[PDB]
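Okay, so here's just one chain, in structure tokens, the form deposited in one PDB entry.
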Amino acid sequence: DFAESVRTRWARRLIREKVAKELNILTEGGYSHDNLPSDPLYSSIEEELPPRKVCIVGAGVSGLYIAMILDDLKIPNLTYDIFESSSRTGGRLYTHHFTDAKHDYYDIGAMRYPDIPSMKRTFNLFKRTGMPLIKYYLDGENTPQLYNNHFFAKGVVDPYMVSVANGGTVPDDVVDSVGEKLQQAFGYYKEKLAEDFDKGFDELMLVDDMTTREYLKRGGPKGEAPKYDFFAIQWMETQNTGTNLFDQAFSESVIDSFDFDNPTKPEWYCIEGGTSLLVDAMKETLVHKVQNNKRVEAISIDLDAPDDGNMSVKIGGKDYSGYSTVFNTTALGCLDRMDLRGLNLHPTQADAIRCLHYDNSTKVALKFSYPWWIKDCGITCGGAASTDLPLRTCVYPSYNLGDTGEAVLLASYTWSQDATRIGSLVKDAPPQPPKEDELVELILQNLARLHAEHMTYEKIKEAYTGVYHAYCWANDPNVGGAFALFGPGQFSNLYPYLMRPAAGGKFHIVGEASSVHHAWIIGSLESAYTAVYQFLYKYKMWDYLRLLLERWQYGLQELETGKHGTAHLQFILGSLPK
């Protein structure tokens, strides 16, 4: 199908555009994106295998997935070490259990999974590990929305009183039509790519250098779409709770708008018991256990040594040597902090590591002695409230809908500058119990205003147990943010360098930022699968490369392999010294 295909087609052609220019710089030529050299090695795709050992840096889901794939392939004489800087395994899969009562938790990192075709690799991993899935209610019943201290009202013009007609500055033609105006903006590029991808791709490249706000202000790479003034775009943004969208490349956002075009009523799932169940199941399966409290501070390769096992990492000032390949799966801010001089990375790959932008995210969960949002507010089916108050979005759990006693509320979920603001009130040294601090006081005050239709402040404060937990990902030194979120031009210009091997094809930058499915578990898993592919190719393990394709190829393959592919060319360009 087309809507399922556009993102993979987009990624593959970005790689082709850059390979052609780089190829041309190698010989300089007539190489074009749709005319590149074929793979001279496809003619060919126990312990005749020499002993090899590989290093996996990081035990988040992508490092654990690499280990799971290697374990399943059972390559003779192949072993690995996996080093994790934190005392905790899982990375951005992170459930906080207040106690280990059934539902007494919240997820600090990933928590919901939509059932769309690009997520097949993710749901297969859930299947392999026996994850108990339940429905996640993205849209709920009776959730309040509060802006300009007015509640949303069905079938009312400008209920928040923010439009020019009511004395504000939001244009009357935008105030009640945000979702609609956004779906056109992109929708003009949806039908051009649908007519024919090659012509649509070229038209979309003229906005690849644009932010969302820039597109909406200028009306097209060509100027053929409606134009919006400052306050209209500000409102479209204010109504955007969630990850930053208006600072993303407009091209990327157009690609994103196909994601839910089977259409945007897929069901959503979460893991009963918390997403960390997945981590536990993965890490208990591994042949070689994760080594926690092992922060890599340097990675190198010794080009004077001709053997396969010529790479090393440094941990706590000690050298760990003998690796034939290193898979780095950390977020890029962590990788930028390492001493990578021993890898001789080319400058533009070094820039991608340093410059790609990460969005912040903060979560605040509070425990109440009963679920007053269910019992008193009629909020019986999950969903989320949104507001311009500091807590921005209050998420009603989908895993405790039938409980009648103590219950967790995800009272604030913020992104970007809102998350930095709440994060300033979050300390990893909790106050002396049961002192209430500034953050709790703020959240309770905001919750009472958001639920003022059915609750008082006194009644919410009375229901609060005194137990809460909060977490700000930009303040976690092992991650530095929620996830990559690429500015104008960054994806078209840097994704080719991030997907590329380095150090003679022996080093891989792996993880959600290295994939076009970035932001989600699927991006981590696909990037891991791709790195294992290139590793097997590097050492010409053709029998095991076939097994990888037969056993672990899910959904549409991001990496363009085969005969017309570019995988061999990304490998060569990453294997090239200088």
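Take the two forms, superpose them, and find the largest set of C-alpha atoms that agree within 1.5 Å; that set is the rigid core. Numbering follows the first chain given and starts at 1. What changes on going to the form deposited in another entry:
- A 2 Å or larger CA shift between the two forms, after fitting on the rigid core, occurs at just one of 475, 243, 291, 86, namely 243.
- Shown in the overlay between the two forms, fitted on the rigid core, is a CA shift at residue 263 of 2 Å or greater.
- With the core held fixed, residue 187 shows a CA shift of 2 Å or greater between the two forms.
- In the core-superposed comparison between the two forms, the C-alpha atom of residue 464 has shifted by less than 2 angstroms.
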Contents of the next structure:
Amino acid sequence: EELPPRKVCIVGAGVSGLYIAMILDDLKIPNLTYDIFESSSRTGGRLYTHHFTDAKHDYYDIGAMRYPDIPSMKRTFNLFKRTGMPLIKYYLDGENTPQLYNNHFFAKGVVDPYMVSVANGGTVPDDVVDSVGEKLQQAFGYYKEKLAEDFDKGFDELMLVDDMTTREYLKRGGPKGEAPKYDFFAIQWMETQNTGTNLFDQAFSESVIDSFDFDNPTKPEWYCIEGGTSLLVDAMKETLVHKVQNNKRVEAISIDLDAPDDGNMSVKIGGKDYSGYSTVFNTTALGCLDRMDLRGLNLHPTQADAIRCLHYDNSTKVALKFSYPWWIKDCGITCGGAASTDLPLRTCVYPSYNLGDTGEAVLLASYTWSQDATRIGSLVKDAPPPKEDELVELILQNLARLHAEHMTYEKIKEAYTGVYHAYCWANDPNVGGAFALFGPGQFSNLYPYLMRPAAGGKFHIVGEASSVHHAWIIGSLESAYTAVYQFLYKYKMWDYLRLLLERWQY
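Just the form deposited in one PDB entry so far, so send over the form deposited in another entry.
Single chain only below; no partners, no other molecules.
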């Protein structure tokens, strides 16, 4: 045919790298091939299901686990459709889930059940202690509703306040001082009830977008993948024309500007050079890109500074196997959902995929973020198997306190099988963190320099951090789609660019 031989390089076989390869396989551009290199021995990146055994429900999702049916997520559910993903309902809110703060259980209708307000000798203002949801919907609500109208325009309006942290916004009452002003302890309590420890000190725009996703105006249903999110990776993996090359950690990316041809880019793997690429799509988390030698690409200094400085949140999960689902049978927690607490485990997630089992059951006993995750992570080994006895003992004791209304410590201990697994994303060298969670001013100042193609339009920084949808599959997918667009555009492949718009624009 007409189009000259071209070869592109995809760095990373997570969902964004796999999506790029899937788009290319679909477009069937003549004489175009790709190599996809993955540092880990495992494919999927932050799509990661841990199977204790291959029994139907004997797993937990270490990375992505739940997906809300909202318009901005269409591209995700389209990917689920293309791959035949078996979806089931995910109960964000179930029933009878305990909530434990300051050693008091939540009680419906009671004033200050946790006894943390000034009226009971605490420091939380009485006007705040029981109206956290309402006060935050007043600080976020305008932006959240504009994000439902149209996410891109809603995002642009939110960028007018991006210089503020959530705590800053609440202390001053908006950019003009017109919204309510809150003291420290009121802001602290709103953070304690709404997110993870310290996270109101990150961007206000990120708190708004997380409220938009977890408490969307259209009260959506949630879904998960029966058999684990890694089924998606398997489906995508197997469709590929060129298989993932695992155990291939890219150490350098370069473009030879002394050579005028299309394929003048290289990557270095294990000290060996891989050359002849007309475009390199990097899909790693930014911490991994930060460690590569990128001198050969002549990046803009501020783009380089974004790679180093864009903030990543931590996250840790601990899953315990029990001989029967005691939370279902003894506590009446029959419909998924999650228990929240100021105890170290913070959040205990009841699986939505084993609701009708009666024997061995997995419990996502601890799901943490930020400093909470770093503290649990200090007791965790991501490769290995003393400090994880300490971890197990800690989780069991927190679990007994959290379910004290119906359960004793001895009974939870007796039901425990001795099988557990835990994971801390910051300790994963292939990610270096859990997911982007920008600081104040980062989305409006650093991000646009992150997203500009480099090496004369041949280098793309792709992935969840390269999107407005951090910590969601949708970000990875949009960013991947956008990079393919720029690639086609850059090489003036107008027939295939139109074909992309028809077959792949949602």
